[PDB]
Amino acid sequence: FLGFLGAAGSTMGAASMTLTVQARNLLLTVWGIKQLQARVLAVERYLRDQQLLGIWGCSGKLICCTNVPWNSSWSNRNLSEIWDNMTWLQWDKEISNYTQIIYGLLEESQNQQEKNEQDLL
Amino acid sequence: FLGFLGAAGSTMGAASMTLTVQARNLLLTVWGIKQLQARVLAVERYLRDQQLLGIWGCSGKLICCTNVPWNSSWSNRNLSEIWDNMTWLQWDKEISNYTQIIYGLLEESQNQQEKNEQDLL
Amino acid sequence: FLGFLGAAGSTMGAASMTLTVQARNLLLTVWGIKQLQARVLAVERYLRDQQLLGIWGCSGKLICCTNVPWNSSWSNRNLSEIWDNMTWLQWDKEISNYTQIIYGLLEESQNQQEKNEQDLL
Amino acid sequence: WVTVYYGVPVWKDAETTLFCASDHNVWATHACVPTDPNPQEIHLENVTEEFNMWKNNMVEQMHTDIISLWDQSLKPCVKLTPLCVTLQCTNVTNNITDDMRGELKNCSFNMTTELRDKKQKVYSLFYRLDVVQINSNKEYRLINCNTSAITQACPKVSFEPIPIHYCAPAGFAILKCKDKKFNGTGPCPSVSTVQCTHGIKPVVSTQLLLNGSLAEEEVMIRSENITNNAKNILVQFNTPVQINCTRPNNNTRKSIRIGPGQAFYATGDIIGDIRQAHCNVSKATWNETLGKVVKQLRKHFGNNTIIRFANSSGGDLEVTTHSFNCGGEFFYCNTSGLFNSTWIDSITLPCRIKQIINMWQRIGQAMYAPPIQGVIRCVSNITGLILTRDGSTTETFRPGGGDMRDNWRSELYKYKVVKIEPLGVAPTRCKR
Amino acid sequence: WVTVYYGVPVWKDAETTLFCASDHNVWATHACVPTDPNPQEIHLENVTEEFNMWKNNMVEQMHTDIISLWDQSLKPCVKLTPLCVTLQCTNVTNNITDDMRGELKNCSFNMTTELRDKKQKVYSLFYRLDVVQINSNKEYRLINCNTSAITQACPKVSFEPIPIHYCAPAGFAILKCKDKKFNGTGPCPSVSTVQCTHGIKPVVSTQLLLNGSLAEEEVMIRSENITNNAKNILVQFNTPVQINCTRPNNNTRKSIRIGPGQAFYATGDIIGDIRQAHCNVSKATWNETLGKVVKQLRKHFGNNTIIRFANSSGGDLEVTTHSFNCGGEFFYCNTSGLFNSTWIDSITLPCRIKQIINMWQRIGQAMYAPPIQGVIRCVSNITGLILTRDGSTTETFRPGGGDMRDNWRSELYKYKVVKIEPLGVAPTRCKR
Ligand SMILES: *[C@@H]1O[C@H](CO)[C@@H](O[C@@H]2O[C@H](CO)[C@@H](O[C@@H]3O[C@H](CO)[C@@H](O)[C@H](O[C@H]4O[C@H](CO)[C@@H](O)[C@H](O)[C@@H]4O)[C@@H]3O)[C@H](O)[C@H]2NC(C)=O)[C@H](O)[C@H]1NC(C)=O
Ligand SMILES: *[C@@H]1O[C@H](CO)[C@@H](O[C@@H]2O[C@H](CO)[C@@H](O[C@@H]3O[C@H](CO)[C@@H](O)[C@H](O[C@H]4O[C@H](CO)[C@@H](O)[C@H](O)[C@@H]4O)[C@@H]3O)[C@H](O)[C@H]2NC(C)=O)[C@H](O)[C@H]1NC(C)=O
Ligand SMILES: *[C@@H]1O[C@H](CO)[C@@H](O[C@@H]2O[C@H](CO)[C@@H](O)[C@H](O)[C@H]2NC(C)=O)[C@H](O)[C@H]1NC(C)=O
Ligand SMILES: *[C@@H]1O[C@H](CO)[C@@H](O[C@@H]2O[C@H](CO)[C@@H](O)[C@H](O)[C@H]2NC(C)=O)[C@H](O)[C@H]1NC(C)=O
Ligand SMILES: *[C@@H]1O[C@H](CO)[C@@H](O[C@@H]2O[C@H](CO)[C@@H](O)[C@H](O)[C@H]2NC(C)=O)[C@H](O)[C@H]1NC(C)=O
Ligand SMILES: *[C@@H]1O[C@H](CO)[C@@H](O[C@@H]2O[C@H](CO)[C@@H](O)[C@H](O)[C@H]2NC(C)=O)[C@H](O)[C@H]1NC(C)=O
Ligand SMILES: *[C@@H]1O[C@H](CO)[C@@H](O[C@@H]2O[C@H](CO)[C@@H](O)[C@H](O)[C@H]2NC(C)=O)[C@H](O)[C@H]1NC(C)=O
Ligand SMILES: *[C@@H]1O[C@H](CO)[C@@H](O[C@@H]2O[C@H](CO)[C@@H](O)[C@H](O)[C@H]2NC(C)=O)[C@H](O)[C@H]1NC(C)=O
Ligand SMILES: *[C@@H]1O[C@H](CO)[C@@H](O)[C@H](O)[C@H]1NC(C)=O
Ligand SMILES: *[C@@H]1O[C@H](CO)[C@@H](O)[C@H](O)[C@H]1NC(C)=O
Ligand SMILES: *[C@@H]1O[C@H](CO)[C@@H](O)[C@H](O)[C@H]1NC(C)=O
Ligand SMILES: *[C@@H]1O[C@H](CO)[C@@H](O)[C@H](O)[C@H]1NC(C)=O
Ligand SMILES: *[C@@H]1O[C@H](CO)[C@@H](O)[C@H](O)[C@H]1NC(C)=O
Ligand SMILES: *[C@@H]1O[C@H](CO)[C@@H](O)[C@H](O)[C@H]1NC(C)=O
Ligand SMILES: *[C@@H]1O[C@H](CO)[C@@H](O)[C@H](O)[C@H]1NC(C)=O
Ligand SMILES: *[C@@H]1O[C@H](CO)[C@@H](O)[C@H](O)[C@H]1NC(C)=O
Ligand SMILES: *[C@@H]1O[C@H](CO)[C@@H](O)[C@H](O)[C@H]1NC(C)=O
Ligand SMILES: *[C@@H]1O[C@H](CO)[C@@H](O)[C@H](O)[C@H]1NC(C)=O
Ligand SMILES: *[C@@H]1O[C@H](CO)[C@@H](O)[C@H](O)[C@H]1NC(C)=O
Ligand SMILES: *[C@@H]1O[C@H](CO)[C@@H](O)[C@H](O)[C@H]1NC(C)=O
Ligand SMILES: *[C@@H]1O[C@H](CO)[C@@H](O)[C@H](O)[C@H]1NC(C)=O
Ligand SMILES: *[C@@H]1O[C@H](CO)[C@@H](O)[C@H](O)[C@H]1NC(C)=O
Ligand SMILES: *[C@@H]1O[C@H](CO)[C@@H](O)[C@H](O)[C@H]1NC(C)=O
Ligand SMILES: *[C@@H]1O[C@H](CO)[C@@H](O)[C@H](O)[C@H]1NC(C)=O
Ligand SMILES: *[C@@H]1O[C@H](CO)[C@@H](O)[C@H](O)[C@H]1NC(C)=O
Ligand SMILES: *[C@@H]1O[C@H](CO)[C@@H](O)[C@H](O)[C@H]1NC(C)=O
Ligand SMILES: *[C@@H]1O[C@H](CO)[C@@H](O)[C@H](O)[C@H]1NC(C)=O
Ligand SMILES: *[C@@H]1O[C@H](CO)[C@@H](O)[C@H](O)[C@H]1NC(C)=O
Ligand SMILES: *[C@@H]1O[C@H](CO)[C@@H](O)[C@H](O)[C@H]1NC(C)=O
Ligand SMILES: *[C@@H]1O[C@H](CO)[C@@H](O)[C@H](O)[C@H]1NC(C)=O
Ligand SMILES: *[C@@H]1O[C@H](CO)[C@@H](O)[C@H](O)[C@H]1NC(C)=O
Ligand SMILES: *[C@@H]1O[C@H](CO)[C@@H](O)[C@H](O)[C@H]1NC(C)=O
Ligand SMILES: *[C@@H]1O[C@H](CO)[C@@H](O)[C@H](O)[C@H]1NC(C)=O
Ligand SMILES: *[C@@H]1O[C@H](CO)[C@@H](O)[C@H](O)[C@H]1NC(C)=O
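Protein chains in written order, with UniProt numbering: chain A, 516 to 542, 565 to 658; chain B, 516 to 542, 565 to 658; chain C, 516 to 542, 565 to 658; chain D, 34 to 56, 65 to 176, 186 to 394, 409 to 455, 460 to 500; chain E, 34 to 56, 65 to 176, 186 to 394, 409 to 455, 460 to 500.
For the record, the hints were derived by calculation from the structure and aren't laboratory data.
Yeah, the Cβ is synthetic: ideal placement off N, Cα and C, and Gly gets one too.
One or more of the hints may lead you astray.
To be verified - What follows is a set of in silico ranges between Cβ atoms, one per label pair, in the way DEER data are often shown: (1) B/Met532 - C/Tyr640: 56 to 62 Å; (2) D/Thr105 - B/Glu644: 39 to 45 Å; (3) D/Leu170 - E/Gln312: 39 to 45 Å; (4) D/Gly378 - E/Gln437: 38 to 44 Å; (5) A/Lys652 - C/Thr624: 18 to 24 Å; (6) A/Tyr640 - D/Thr105: 35 to 41 Å; (7) E/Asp56 - C/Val567: 51 to 57 Å; (8) B/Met532 - A/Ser609: 37 to 43 Å; (9) C/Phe519 - D/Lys231: 53 to 59 Å.
Said to hold, decoys possible - Interface residues of chain C toward chain A, partial, derived using beta-carbon atoms under 8 Å: (10) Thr535; (11) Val577; (12) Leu578; (13) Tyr583; (14) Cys602.
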């Protein structure tokens, strides 16, 4: 169908079916340094996102359903508006100020879960 | 027993017990550039294979049983020939032309599975 | 609470609740080479630990409960001493000589498990 | 309720390092990635994106990259320090058209030989713009002797402006605006994603933009601030104006050995007579083109305003004339014949030629351009102008230039670099 | 049914960058990885692999690496530009054996001193092969003055051919063919995997291959195309032939200061008498060796064919003679005494010596080899030959050479670089 970022203008629920399209595009000595720095950075950025998914318990997944409740103060909208009207670019702007709060909560709930699962073994 | 690639001349089912042997071997400024390029490439090649296993739902595994049926047109042989007579080098040649078809199918079945698992939660 | 390595002087069971604190801190052409080498190495060291967790069946986890029994010859202590009195620095010294034995056993038990799980499908 | 998604089609503005790609050159040779023979472009439906060509760091990067490549191509070439001597010069008076009397000087000097013990008496021709009279009225020195070291360009490495494609590193993307009649700022619909830019030729020129791209429908006027007379106006044509330039002199070249493995390339005697270099612009085409430019300027200045064109203001040769490199020689042409009108066969523009070139705005690194044997003829497209407004019922436009970033800004105006940010979270009705 | 496996023992041919490893050198010093004191080799049972020594890019890489290291070792050394002067030369006639009359010239010249104001009259000895008569019949110049700049090798950095191990980067492997009687192409059984190559000494020579490895059982003949007379034939011996070379002259060295921190090393007077440099090859050993070579050539040319050996064809000194570097001095020996026979004490080969050396086939970078004090004696192993066939009942073989890749191809013929491809899929009887 569409290629890289083709779904960017699509709604959030129309997009999110194309997650592999974007995931696969993330992968004279002075000239050589510039190119190596570009390559090393692409790797470091990739790994930081993977580490973060790992500590949230979402390793290996493109869609990860977590155990953290949504706070209506972050965005008081119904699923119909979020998934059928909005695009991901619009959404990212809407909740930009809550991203770090959400990330902190995701880490904490995984730590609690990981320990509960040890006690049950 | 055998070291790296020692099982290369072994049959496919004799090999495939040595998967960790090979997996662990994948890891003057101009001279320095040549060495850095070699190191950066080894990392990039490694990560591309890992990303690919991830999108197929095989992250963290050396043996991953999937939900895609085998098409007899890819190779019309019984398990006895494939696992007891053939080596992996011979097999790789036999189905070289179908590798990209198989990879595409593996990605699609994971996308369907991943969504079904969200709807069930 | 505490930041990076703040729990270093804490007991093993007091620590091990801070695993994400340390995990997240692992991430003129001649000057440029020195900096690129430092960055490439940090990536290579990170990936080697991740590969090792993967082959032991612990991918994506900070706490991984395995199926290998503890040999009392490695350290004849009760859980009370290990988790409530000792620190991780002291422990690492105590069993330094058994690390490679333990690692070999962890790889073997995963290979057996991985095959048993294939036969059951 | 919180569900984490990875691979989300979201991006942010970013500044990164782009690499060059391309299909004995001064610029890109082997330190350049081979291009993709089947490049992609993806139309993004329903995407509006804000662009600003005046804040586009791709321009700053290109400026830096071409200067550095240029210097690397002079680094291994012969130094001409031994040439900075007293010259004994006379005029070349043999079959000279009146227009060039005094332009060429026949200079003799004592040059070194391969052996440290011996000197040789040699002579060569220089342009008047290359030398300075000192003191003995025949004594001259090269113009750069009190300012900078001079090196000879290696006569095997060409100045041909071979096109370069810029490509983004993984994790980044280049967005292109395809909105016709985009004036360089503000939002535009019709955005597509590309792997790399089209090939851009690193053509160096002043006043007139040569061999570039054309506007899709109409002549377009673009500026950072159209009411600020301190800013330049870039004019992009929708049709080319063909310009034919030549150096009608059958020059010969001679090699003077000046050391153990080094040689100087000198201009020898000229075969035939001496004629002035010049460029021809078709008059009718120029007039139609100038017509279209005025019609568009009136959109910003008033349709009852008198628009006058005037020639350039004073300054150095490199600024007041139309400078370009063609056939391997550096021309400085007088454009006062093009910009001399109120409101809206051929036009002949006389040109001067130099051998000692100070590139860009730098001081300290001069180069000597070896002479080219035979007659040079060049044909090129004028694809746009750089104008400056002289500023109550009339406005005067004059040719401007001298800042090379303006010549790249005119090709890179459509491209933006963004960074991909694949993680995101959203509420869903599920629980782990 | 589809099961994915990772860590599968599969590989493909590949070309990559190998790095050097090793246990004040011209070549590998600190930019080289310390070797593994306990290297591995793994035999691969039931593996047949196709090798082709004539298409082995490890050879091209080695050629490039040694040239670049060589240049980096001359870069910081003293330039001898001030030496390119008119020399006043006479013959050295003091106690000269008849064989060398005219070989050494005693030359005086005006050299610069540390101070820019003063010059000094100095003298040194040069070989006739280092100078050119000009014009005044005593006037000479150094041979390189009309062609190239010359630098002095730093007399602290040695030319000793210290062995280098090539190692593959992770994800790649080097396969080695252990099949005895492998002729360089086609499949072979008995393949093993190694971390790195054995140490290979970067010995530079023509015609005769020195100090290399030997064949396991028999003399072997290898060529790209044995019936194409335009190709070279590499002959690998299964036994060494010992060769003893010497420069029997007790030379002295003197240091001439030529500037503020720079000095030239000149050959001073020679103590004792003047004798010709030479190499000794045992006659019986050579004859037995040549015997074995012919027996093997007959396998390709006929066992009733007359095989003749002849000396080299004309060309420059660097091609027609046996060139080698030993003891720090460059020898050019006449091998016509070795290749002069039909079909199959000591043999003395006279040698010439040069101080001005043009390495490989390059022009523009000459080096001056400082003289070595005292008497030089070298003992080395001839481990093979490079032959060219001159081509209906007889074939003539002549010494060949001049292309250094042939001297590395002879050591790297057993190695191949492959890329590991760990993913694979296969049918299994299971379902997720
Ligand atoms: C605008 O675009 C046009 C069209 O692309 C461009 O004109 C081209 O200029 C180059 C260089 O002046 C011309 O190439 C020359 O063609 C002649 C034809 O006989 C050749 O002899 C020349 O060869 C010499 O120079 C070579 C340089 O590497 C040497 O290698 C060679 O040995 C010779 O010395 C050279 O190829 C080209 O033909 C024109 N194109 C046309 C269609 O005329 C123009 O210059 C651009 N304008 C600007 C200002 O850049
Ligand atoms: C084939 O292999 C043989 C054996 O490896 C090799 O012969 C060796 O050559 C080197 C250099 O000519 C010899 O080393 C010299 O030995 C004398 C002995 O007294 C030393 O005095 C020399 O020292 C001087 O040079 C040093 C260079 O770094 C200086 O540091 C030092 O201050 C002195 O100036 C030097 O060590 C070596 O002994 C021989 N080996 C044998 C067994 O004779 C031969 O050259 C190889 N053939 C070819 C063509 O490469
Ligand atoms: C530049 O000056 C030189 C030197 O006077 C001119 O060359 C001389 O021309 C006369 C004419 O017969 C010859 O006899 C001389 O031998 C020439 N001198 C040399 C050194 O060759 C030269 O022609 C002048 N060039 C121009 C273009 O005027
Ligand atoms: C560019 O060409 C024009 C046209 O020939 C030159 O203009 C002349 O300049 C002098 C300067 O005082 C005037 O007196 C003449 O009347 C001008 N000519 C015309 C037709 O008006 C101009 O000088 C040239 N520019 C340069 C830098 O040489
Ligand atoms: C000057 O502009 C014209 C018109 O854009 C260029 O000619 C076109 O070149 C493209 C390149 O593929 C062709 O497809 C068009 O058909 C050409 N148009 C015509 C009318 O022939 C011309 O090449 C430009 N000149 C220079 C020097 O770049
Ligand atoms: C090379 O030439 C020099 C210069 O003639 C010779 O050195 C001279 O030898 C005589 C003999 O008594 C001395 O008186 C001179 O003072 C020496 N000159 C200098 C500058 O020292 C030198 O011997 C010749 N060398 C050879 C090998 O023939
Ligand atoms: C290499 O050594 C041989 C043997 O001494 C030289 O051969 C002589 O060459 C001349 C050239 O015409 C012949 O007339 C002689 O008869 C040759 N000698 C013999 C024994 O036949 C040969 O010239 C030397 N090569 C070089 C390059 O000096
Ligand atoms: C010339 O070849 C001989 C025979 O291969 C070399 O001598 C051998 O060197 C190896 C190195 O460990 C020893 O193990 C052998 O025992 C030696 N053989 C004998 C008979 O002593 C000799 O070193 C070679 N010469 C050179 C200069 O490399
Ligand atoms: C763009 O908006 C229209 C409006 O209906 C929609 O149909 C179209 O699918 C959108 N684009 C994409 C890529 O979905
Ligand atoms: C929801 O967020 C608000 C502030 O954004 C916070 O005060 C409130 O306690 C949060 N609700 C819960 C249940 O944590
Ligand atoms: C995020 O912070 C900015 C800072 O100016 C603020 O204007 C914006 O409204 C905040 N967003 C939300 C959703 O509150
Ligand atoms: C090589 O083939 C023989 C044939 O029976 C087999 O026994 C042997 O095990 C094979 N090699 C390996 C490494 O399995
Ligand atoms: C099997 O492959 C063939 C071509 O290789 C294709 O036509 C066929 O439809 C495939 N079978 C199935 C069930 O998809
Ligand atoms: C794969 O493609 C090649 C192309 O020549 C063909 O010869 C080969 O038979 C194909 N393999 C199969 C299994 O069809
Ligand atoms: C240090 O030791 C004291 C001893 O009781 C303990 O209370 C304290 O918590 C320790 N430090 C840390 C970081 O736990
Ligand atoms: C425990 O370790 C000792 C040596 O450390 C070993 O001999 C013993 O067999 C091990 N026990 C088991 C059950 O493997
Ligand atoms: C580990 O090896 C060292 C080597 O000296 C030894 O002293 C130490 O006691 C060993 N550790 C244990 C726990 O045995
Ligand atoms: C002028 O050109 C003619 C062409 O025949 C030539 O003969 C004459 O010598 C030239 N004049 C001078 C002064 O060189
Ligand atoms: C060359 O040097 C001599 C030395 O006297 C001088 O007279 C002559 O004018 C010099 N030549 C030139 C062209 O300056
Ligand atoms: C370019 O278009 C934008 C769109 O709003 C406008 O604001 C801007 O002023 C225009 N440029 C000029 C020179 O008027
Ligand atoms: C353009 O320049 C004028 C000069 O004063 C200034 O007042 C005006 O605000 C500028 N326009 C913009 C958009 O900044
Ligand atoms: C330029 O030359 C072409 C032929 O090469 C000619 O058709 C064209 O009219 C010329 N242009 C001018 C302005 O003379
Ligand atoms: C340019 O075109 C306009 C169109 O009205 C015409 O009036 C004017 O005279 C033309 N100029 C020349 C030089 O032909
Ligand atoms: C300029 O053109 C616009 C286009 O609508 C028109 O409204 C305006 O009145 C015109 N001005 C003059 C002076 O004719
Ligand atoms: C512009 O034209 C005027 C006309 O008098 C002339 O004086 C001036 O020098 C010209 N400018 C240039 C740069 O030639
Ligand atoms: C400018 O136009 C006037 C109009 O006749 C003309 O006289 C003058 O020479 C022109 N200037 C140039 C530089 O051609
Ligand atoms: C020749 O050698 C002898 C050895 O005693 C020496 O005395 C004599 O001076 C030498 N001859 C010459 C001309 O140097
Ligand atoms: C050194 O310079 C003087 C200067 O006249 C010259 O006569 C002498 O011959 C030069 N010496 C040599 C060896 O060339
Ligand atoms: C080397 O062995 C292969 C094996 O088939 C053979 O084809 C080739 O011709 C042999 N080389 C020569 C020089 O005959
Ligand atoms: C060897 O060279 C001859 C020369 O014509 C050619 O015919 C023959 O095919 C070549 N052999 C091979 C294997 O290419
Ligand atoms: C070389 O020298 C050795 C002793 O160092 C001697 O035994 C050998 O026979 C010599 N070789 C020749 C060819 O003279
Ligand atoms: C070389 O060996 C052969 C063996 O038959 C012998 O006939 C021949 O004369 C020998 N040559 C010399 C120079 O001894
Ligand atoms: C080879 O031997 C012949 C014998 O006449 C000789 O003329 C020729 O120069 C020799 N070749 C070389 C390179 O010495
Ligand atoms: C070659 O062998 C013949 C046979 O006697 C001999 O006369 C001739 O001198 C030899 N050539 C050389 C260079 O020794």
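Handout entry: Hints the structure fails to honour
Key = 1, 4, 7, 8, 12
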